[PDB]
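Participant: Residue strings, one per chain:
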Amino acid sequence: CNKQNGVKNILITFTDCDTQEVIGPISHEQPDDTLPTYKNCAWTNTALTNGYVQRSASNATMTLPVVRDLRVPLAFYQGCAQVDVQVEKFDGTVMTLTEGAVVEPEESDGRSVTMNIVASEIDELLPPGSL
Amino acid sequence: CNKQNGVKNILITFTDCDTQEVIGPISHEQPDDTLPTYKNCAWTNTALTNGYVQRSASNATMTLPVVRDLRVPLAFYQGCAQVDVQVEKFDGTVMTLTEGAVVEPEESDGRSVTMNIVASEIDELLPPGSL
Amino acid sequence: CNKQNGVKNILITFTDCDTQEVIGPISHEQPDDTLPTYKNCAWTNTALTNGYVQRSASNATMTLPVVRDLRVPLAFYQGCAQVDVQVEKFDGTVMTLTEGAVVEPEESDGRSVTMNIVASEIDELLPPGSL
Amino acid sequence: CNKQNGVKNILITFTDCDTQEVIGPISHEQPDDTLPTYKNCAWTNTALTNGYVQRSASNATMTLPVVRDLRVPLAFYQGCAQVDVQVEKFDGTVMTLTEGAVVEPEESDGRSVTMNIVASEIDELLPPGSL
Amino acid sequence: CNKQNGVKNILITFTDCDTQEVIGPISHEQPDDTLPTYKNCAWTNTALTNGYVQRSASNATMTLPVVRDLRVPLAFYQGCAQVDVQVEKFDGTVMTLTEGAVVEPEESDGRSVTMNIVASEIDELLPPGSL
Amino acid sequence: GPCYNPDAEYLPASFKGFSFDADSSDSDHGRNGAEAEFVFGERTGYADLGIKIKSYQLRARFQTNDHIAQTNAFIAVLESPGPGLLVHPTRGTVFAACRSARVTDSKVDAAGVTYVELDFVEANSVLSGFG
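Chains as they are written, first to last, in the entry's author numbering: chain g1, 3 to 133; chain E1, 3 to 133; chain g1', 3 to 133; chain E1', 3 to 133; chain g1'', 3 to 133; chain e1, 3 to 133. A prime marks a further copy of an entry chain.
Okay, chain g1 solo, but in the shape it has when bound:
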């Protein structure tokens, strides 16, 4: 196939904060057709004048809409646990992220969560053959 824009696998590994118990990597599934979105470059530019740029520092960002697992507390998806995320799309790309931190929690009805995770850097796998 290798011609389908879509997410295939989502692995999340939870680390409890006050017991350091590792949980996972549990698979996960999407609540709707919206895909997780990424941003890898740490430095972010900003226009200055005739052609130049002013460079700022930032984090490697990820937005992950996921369906809560009924075996894991809801608070683990809202900033009360460390997360390691790994998303594999249908065309072969694999984005891994470790020592994340859910940065902006928001009210969730109990099924669908939207995690905003910031890390030092995101790794990309790029299907075989690449420049």
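Errors might be hidden in some of the hints.
[To be verified] In silico PhoX-like cross-links for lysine-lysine, where the CA-CA straight-line distance does not exceed 25 Å:
id	chain 1	residue 1	chain 2	residue 2
1	g1	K41	g1	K10
2	g1	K10	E1	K5
3	e1	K56	e1	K109
4	g1''	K5	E1'	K10
5	g1'	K10	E1	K10
6	g1	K5	g1	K91
7	g1	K5	g1	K41
8	e1	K18	e1	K54
9	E1'	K5	g1'	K10
10	g1	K91	g1	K10
11	g1	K41	g1	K91
[To be verified] One-sided and incomplete, this derived list gives chain g1 residues near chain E1 with beta-carbon spacing under 10 Å:
id	residue
12	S110
13	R113
14	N118
Since the hints were derived computationally from the structure, they do not count as laboratory data. Think of the CB as a built atom: it goes at the ideal place given N, C-alpha and C, for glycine as much as any other residue.
Fit chains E1, g1', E1', g1'' and e1 to the supplied structure of chain g1, relying on the hints for placement.
Facilitator: Below, chains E1, g1', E1', g1'' and e1 alone, put in the same frame as chain g1:
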């Protein structure tokens, strides 16, 4: 009958402030298909730099769209009374909250209310089998 | 019946400012299906930290969309006269409000007015039997 | 033929500023079904505390969506001329306004104008029979 | 006819900045049904109190959505050249504007441009017969 | 807390007999001493010299149809000769002397309310002579 996302039971227990009388736990019903939303973590992360996180302090919060009971004064749903809430979904999860405080009241036509409740912590029951 | 969410009666009593002539209580009718909305609790909460609340002071608020009577000047519905309002819904609830003050006027074409009335306290009647 | 909400007659009388020539009262027509809006009170209340009101000073205002006449320069509808307006609805009410001032002009394609007029007071005629 | 609200002719004359070469007046055409919009009055009012007005100074403004000519550089439509515009509607009105200045450029895909032009004064022609 | 009754926990403020409603309550406690910084030395000294004189700052509001008379009476009381007894809303009874009282009172911006910013100082009695 699992694999149904939806709220099954809502118990709300009112406590007047000027007389310390307890009312309930009365059952309740939703005005529409929107489900209550939760947040159990206490501290909210915030992105800082390349990989690090700045940790702030916050609340356990709950958002409860409910249908006003006709035997209970409307003001009880609008911050003039302490609330103790208990929501049970169809997958078995039970979220209980005690010593609530309706934190941002709003205009209601007299039938449907949306209670924003804040508390120290919300407890999760996590259907049998858990990690 | 007693199973129909809707407004049945709207009585408004106008008091001229510079002559203290009482007018009413004239009945009134809705321009569309939107109902008047209420808020009784005087103190309004605000979240502080782990579980606590900071309490502010406010007014008993009412929002009343109504159809202007052709016998009463338009300025009476826009803050140039004192109002006493009384709304009775179909399920038996009756909200009375006296010594109101139309607080935020807005342009109206001449038929439909939306009065935002603030008072010290709103009284609620709660169909027979109540806790 | 009463019980029709709609505007029947619009007379606008222009007065140039640099020559003090009076033009009109020309009739006019609406560009669409939106009706002009009014506000006759002078002071605008504002909620203060449990029941009280803080009274501010303001204008008698009118909002007039009208179709530009081709014999009158466009600038006359955009603040470069004094206006005296008279609107008669189908229920018999007549709102007259004199010594207007188009207070916030806006881009117009050349046919439809929306005049925001401010004046000391707007007079209401209140179809026969009144209280 | 003389009963059709629409634009008939759009003439634009470009003046290069660093060579003062005059180009035009080239005709032009609309990208969609939105018409150019105008504002002639230089002084703009602002409401003050019971009936009075505070008068500010401004420019004669024009908004011109047009289709880029393939013979003229795109930068000429984005503030890098002086413009003289002349728009003639179907009912006979003619708005001429000279020594304009495209004041707020914005990204354009290469076909449709929206020029925001400010000048000292706009002239209006008013089909024969006028008051 | 969730059932914190404010006006059943804050004392109603009053100075020298005259009662009023306060909007804020501050204090300026402290402990004054010297600070020794011996030259060329990695050591520092401190000497406790006494008690820093206490000062209170309040903000009174007047929102009533006769706020002008109330503010005039309060001015006449505050200018009485000699220190008098003050009921600080959160510190109870003290003996203070008024030191400044700004009276903000606008008309075309907020008519109806009058604010007074008060500044008192702990004024303890003495015993004439050389004590």
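Participant: What's the verdict on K91 (chain g1) and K10 (chain g1), does the C-alpha distance respect the 25 Å limit or exceed it?
Facilitator: With Cα atoms ~5 Å apart, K91 (chain g1) and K10 (chain g1) stay inside 25 Å; holds.
Participant: Would you mind confirming whether the straight-line C-alpha gap from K18 (chain e1) to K54 (chain e1) stays at or under 25 Å?
Facilitator: Measuring from Cα to Cα gives roughly 24 Å; hence the hint holds.
Participant: Hey, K5 (chain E1') versus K10 (chain g1'), does the alpha-carbon distance stay inside 25 Å?
Facilitator: Measuring from Cα to Cα gives roughly 21 Å; hence the hint holds.
Participant: Assess, step by step, whether the Cα of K56 (chain e1) is no farther than 25 Å from the Cα of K109 (chain e1), and give holds or violated.
Facilitator: violated (35 Å)
Participant: Just to be careful, I want the Cα atoms of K5 (chain g1) and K41 (chain g1) compared with a cutoff of 25 Å; is the pair within it?
Facilitator: holds (23 Å)
Participant: Taken at face value, is the distance from the CA of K91 (chain g1) to the CA of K5 (chain g1) at most 25 Å?
Facilitator: holds (11 Å)
Participant: Given the hinted pair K41 (chain g1) and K91 (chain g1), is their Cα-Cα distance within 25 Å?
Facilitator: holds (16 Å)
Participant: With the threshold set at 25 Å, check whether the alpha-carbon distance from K41 (chain g1) to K10 (chain g1) stays at or below it.
Facilitator: holds (19 Å)
Participant: Grab the minimum C-beta distance from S110 (chain g1) to chain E1 and call the hint holds if it beats 10 Å, violated otherwise.
Facilitator: Nearest chain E1 Cβ about 5 Å off; hint holds.
Participant: So, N118 (chain g1) near chain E1? Judge it on the closest CB pair being under 10 Å.
Facilitator: Hint on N118 (chain g1): holds, closest Cβ of chain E1 at ~9 Å, below 10 Å.
Participant: Does the alpha-carbon distance linking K10 (chain g1') and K10 (chain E1) stay inside the 25 Å limit?
Facilitator: With a Cα-Cα distance of about 33 Å, the restraint between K10 (chain g1') and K10 (chain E1) is violated, given a limit of 25 Å.
Participant: Tell me if the straight-line CA distance from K10 (chain g1) to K5 (chain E1) falls inside 25 Å.
Facilitator: Given that 25 Å is the threshold and the Cα spacing comes to 21 Å, the pair holds.
Of the numbered hints given earlier, the model fails hints 3 and 5; all others are met.
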